[PDB]
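Trainee: One-letter residues, chain by chain:
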Amino acid sequence: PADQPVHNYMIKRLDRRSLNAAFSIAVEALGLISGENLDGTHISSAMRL
Amino acid sequence: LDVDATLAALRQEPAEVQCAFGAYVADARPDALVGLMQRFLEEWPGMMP
Amino acid sequence: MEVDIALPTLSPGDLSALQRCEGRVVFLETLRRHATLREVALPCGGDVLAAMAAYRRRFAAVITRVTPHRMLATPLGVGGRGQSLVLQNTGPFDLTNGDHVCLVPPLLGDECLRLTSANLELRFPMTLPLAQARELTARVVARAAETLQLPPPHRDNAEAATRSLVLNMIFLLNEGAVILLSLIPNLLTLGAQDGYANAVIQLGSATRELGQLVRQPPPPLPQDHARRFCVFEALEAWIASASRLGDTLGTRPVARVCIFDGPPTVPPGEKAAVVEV
Amino acid sequence: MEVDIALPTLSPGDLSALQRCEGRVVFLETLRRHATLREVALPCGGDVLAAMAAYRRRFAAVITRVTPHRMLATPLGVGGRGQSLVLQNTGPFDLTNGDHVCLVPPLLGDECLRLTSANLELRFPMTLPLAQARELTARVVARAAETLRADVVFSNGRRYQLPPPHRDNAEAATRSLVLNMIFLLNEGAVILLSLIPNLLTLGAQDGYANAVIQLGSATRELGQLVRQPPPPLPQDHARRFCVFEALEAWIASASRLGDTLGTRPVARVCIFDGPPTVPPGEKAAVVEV
Numbered sequence: 100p101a102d103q104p105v106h107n108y109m110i111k112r113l114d115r116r117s118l119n120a121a122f123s124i125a126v127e128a129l130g131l132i133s134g135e136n137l138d139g140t141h142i143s144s145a146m147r148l
Numbered sequence: 445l446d447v448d449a450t451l452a453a454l455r456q457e458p459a460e461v462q463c464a465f466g467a468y469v470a471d472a473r474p475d476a477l478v479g480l481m482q483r484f485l486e487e488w489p490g491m492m493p
Numbered sequence: 001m002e003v004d005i006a007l008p009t010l011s012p013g014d015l016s017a018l019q020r021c022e023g024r025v026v027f028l029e030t031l032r033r034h035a036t037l038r039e040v041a042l043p044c045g046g047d048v049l050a051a052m053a054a055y056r057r058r059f060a061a062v063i064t065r066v067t068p069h070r071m072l073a074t075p076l077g078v079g080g081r082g083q084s085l086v087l088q089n090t091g092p093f094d095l096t097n098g099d100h101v102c103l104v105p106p107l108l109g110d111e112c113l114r115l116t117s118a119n120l121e122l123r124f125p126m127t128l129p130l131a132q133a134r135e136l137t138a139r140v141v142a143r144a145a146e147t148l168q169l170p171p172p173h174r175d176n177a178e179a180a181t182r183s184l185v186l187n188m189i190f191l192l193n194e195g196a197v198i199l200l201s202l203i204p205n206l207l208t209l210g211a212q213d214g215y216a217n218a219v220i221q222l223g224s225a226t227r228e229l230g231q232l233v234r235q236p237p238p239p240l241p242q243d244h245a246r247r248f249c250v251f252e253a254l255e256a257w258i259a260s261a262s263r264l265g266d267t268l269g270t271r272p273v274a275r276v277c278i279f280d281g282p283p284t285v286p287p288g289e290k291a292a293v294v295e296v
Numbered sequence: 001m002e003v004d005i006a007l008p009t010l011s012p013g014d015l016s017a018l019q020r021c022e023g024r025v026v027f028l029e030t031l032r033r034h035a036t037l038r039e040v041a042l043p044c045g046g047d048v049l050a051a052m053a054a055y056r057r058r059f060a061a062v063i064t065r066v067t068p069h070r071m072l073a074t075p076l077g078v079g080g081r082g083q084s085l086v087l088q089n090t091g092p093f094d095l096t097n098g099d100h101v102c103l104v105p106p107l108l109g110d111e112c113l114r115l116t117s118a119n120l121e122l123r124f125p126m127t128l129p130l131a132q133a134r135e136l137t138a139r140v141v142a143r144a145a146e147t148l149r157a158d159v160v161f162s163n164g165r166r167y168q169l170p171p172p173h174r175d176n177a178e179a180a181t182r183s184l185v186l187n188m189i190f191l192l193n194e195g196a197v198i199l200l201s202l203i204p205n206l207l208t209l210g211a212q213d214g215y216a217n218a219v220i221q222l223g224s225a226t227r228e229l230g231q232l233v234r235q236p237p238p239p240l241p242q243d244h245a246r247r248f249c250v251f252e253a254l255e256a257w258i259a260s261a262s263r264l265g266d267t268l269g270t271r272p273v274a275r276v277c278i279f280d281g282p283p284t285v286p287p288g289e290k291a292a293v294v295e296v
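Residue numbers (the deposited numbering), protein chains in the order written: chain A, 100 to 148; chain B, 445 to 493; chain C, 1 to 148, 168 to 296; chain D, 1 to 149, 157 to 296.
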């Protein structure tokens, strides 16, 4: 028997996955960068660096 | 020694017995054993279709 | 003529499933041009015998297109005998080329399209090859005759089927039937001289168990046997009655399948072309 | 929708011999636009029942013009508007205008177009009006029955002779048919009497008539008129016999034998502007059904 030309339609679905990192921050060392308790002396800026 | 389940699994379809010669036991009245064999040998072909 | 089945409003869910019913057949009652879905609606599974009985009183119609609103159809046979069309094989078997098809009610239930909006259901019957629909009808009728993958009968209309059977079986007994019955041993003695003849007589033939139990004298000569010969009209009655026996119990063949290009065998759940007879 | 047929080089003269067969129907296999003569062929000594069963597993087709290269055929089943087509009658008796013709294997003394050149044989089926087709088979089977332990048919004047049996080299051509036809009737009678034993002992003019007349009416049925048969053996015995299994088998076999017996109008003569009746061998005009 003869034949017909055959078509087709496909549907591929997306996927979701979220990779996440987390980095902590210090507590004691919170002023040096800051100026709430930063002080006009010279050692505070050194510790700040 | 767990047969309770399997034993339930076979009693769903009904089964027709074909031979009942060695699956049945009965008590006999006190009837003078020598005659009991005579009484039983007339029914033995009757229990083996 | 093309029946216009109108549809009420539907939830967007079941309309999409109904859209996939492009080749199944329905059963109207009146052949007006316009009709509503609520009309053609068969209850849930049960009474394969009563349902089979209710397929010869109504006529069939296959559908071709489902718009969101209306529903085209096709009155199957009222005036067409070459009207080509297509219908999806919804039976458990396959249907090769050339063999006729027949409508048989569904099996086991659980094959029913349920519409939530309309609160109705439809039971599209399966399509089997004639050669097996006959055998299924035979099986169902034989089982019905015992209450004087199997659903139990109701005894309500099983008696009607047994009546339809015993009528045709009684009217087969005629005065030449006894003559033909007289030669049962004269036929058995032939069935043991040739192989083919032996194969024509089955094993559970219920008559081989007669030719060993009963002897019968030569039959009495008919009233005025010299003028007419009885065996011939006996055989003619038999031919005519057996030609339309299964029809009286099951269902007539409705179309023969023919394909030009696609492969011959078509698997289930696949749409296949057909001409109707 | 037309179909041709490839044709091998037969010979001179023999092609002209085939050229006398322009209405005879041949059974194809599948409606492909190219077939070959080697495929449409049957041994012209063959069992009538087997070929008759095979007539349903195939498609009919009518030979139109034939040329040294090929031969054209037209199918019958699939149709549109019912185009007419010439059809050469080949039955034993003529057929009148205004009936429905049927197709039956060469039940009587066979005719087969033997082609010695291409080493094959052709077997064309007869064309009978429905009424006489319902009768001729029964006639032959009944004559065979009388033989196992008169030959006249009438159709538009002529009394036909029904050529004597076994004259052909194939006396056993119809043996399978008569066997399978007699046996099933015997079976049906035996089963009826087995379910209803007291049937024949009723009033030969009233009791039996009372039973049959109140059977067509409603539910009475003497309650369970069919008596309860005695229960069977332990179903491994060498004598077990469940009557209902035999009933089922008989329903099946009888329905099959009924279905594969033609008795279905395939075509209908609608002659126009021609003699009123066509004799055997003269072509005619027919419309499909």
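Calculated from the structure, these hints are not laboratory results.
Just to be clear, a hint being listed does not mean it is correct.
As the list claims (entries may be wrong) - Straight-line distance between alpha carbons at most 25 Å, and here's what the computed SDA-like set of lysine to any residue pairs gives:
#1 C/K290 / D/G80
#2 D/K290 / D/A145
#3 A/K111 / C/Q19
#4 C/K290 / D/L130
#5 C/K290 / A/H106
#6 C/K290 / D/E111
#7 D/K290 / D/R65
#8 C/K290 / C/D99
#9 D/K290 / D/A50
#10 A/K111 / C/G13
#11 C/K290 / D/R32
#12 C/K290 / A/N119
#13 C/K290 / C/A50
#14 C/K290 / A/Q103
#15 A/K111 / C/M1
#16 C/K290 / C/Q19
#17 C/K290 / A/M109
#18 C/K290 / A/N107
#19 D/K290 / D/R143
#20 C/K290 / D/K290
#21 C/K290 / D/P92
#22 C/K290 / A/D114
#23 C/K290 / A/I110
#24 A/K111 / C/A17
#25 D/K290 / D/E146
#26 C/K290 / D/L72
To be verified - In silico negatives: residues of chain D with every beta carbon more than 10 Å from chain C:
#27 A6
#28 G77
#29 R134
#30 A142
#31 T270
Here a beta-carbon is modelled for each residue, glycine too, at the ideal position from N, C-alpha and C.
Trainee: Evaluate each hint against the coordinates.
Mentor: Status of each hint after checking the structure:
1. C/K290 / D/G80: Roughly 22 Å between the alpha carbons, so the hint for C/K290 and D/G80 holds.
2. D/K290 / D/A145: Roughly 35 Å between the alpha carbons, so the hint for D/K290 and D/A145 is violated.
3. A/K111 / C/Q19: Cα-Cα ~23 Å, so holds.
4. C/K290 / D/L130: Status violated; Cα separation ~36 Å.
5. C/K290 / A/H106: holds, 16 Å
6. C/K290 / D/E111: Distance ~43 Å between C/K290 and D/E111 Cα, so the pair is violated.
7. D/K290 / D/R65: holds, 13 Å
8. C/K290 / C/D99: Satisfied, since the Cα-Cα distance of roughly 16 Å is no more than 25 Å.
9. D/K290 / D/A50: Measuring from Cα to Cα gives roughly 28 Å; hence the hint is violated.
10. A/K111 / C/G13: holds, 22 Å
11. C/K290 / D/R32: holds, 20 Å
12. C/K290 / A/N119: violated, 51 Å
13. C/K290 / C/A50: It is violated: about 28 Å lies between the C-alpha atoms, which goes past 25 Å.
14. C/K290 / A/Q103: holds, 15 Å
15. A/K111 / C/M1: violated, 43 Å
16. C/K290 / C/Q19: Distance ~14 Å between C/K290 and C/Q19 Cα, so the pair holds.
17. C/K290 / A/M109: Distance ~20 Å between C/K290 and A/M109 Cα, so the pair holds.
18. C/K290 / A/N107: holds, 16 Å
19. D/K290 / D/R143: At roughly 31 Å apart (the allowed maximum being 25 Å), D/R143 and D/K290 break the hint.
20. C/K290 / D/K290: violated, 41 Å
21. C/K290 / D/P92: Violated, because 44 Å separates the two Cα atoms, which is more than 25 Å.
22. C/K290 / A/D114: violated, 35 Å
23. C/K290 / A/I110: Holds, at about 23 Å.
24. A/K111 / C/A17: Measuring from Cα to Cα gives roughly 21 Å; hence the hint holds.
25. D/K290 / D/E146: Distance ~37 Å between D/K290 and D/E146 Cα, so the pair is violated.
26. C/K290 / D/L72: Distance of about 31 Å is beyond 25 Å: violated.
27. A6: At about 18 Å from chain C, D/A6 clears the 10 Å cut-off, so the statement holds.
28. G77: violated, 6 Å
29. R134: For D/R134, whose nearest Cβ neighbour in chain C is about 6 Å away, the distance does not exceed 10 Å, so it is violated.
30. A142: About 4 Å separates D/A142 from the closest Cβ of chain C, which leaves it inside 10 Å; violated.
31. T270: Since the minimum Cβ distance to chain C is about 5 Å, D/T270 lies within 10 Å and the statement is violated.
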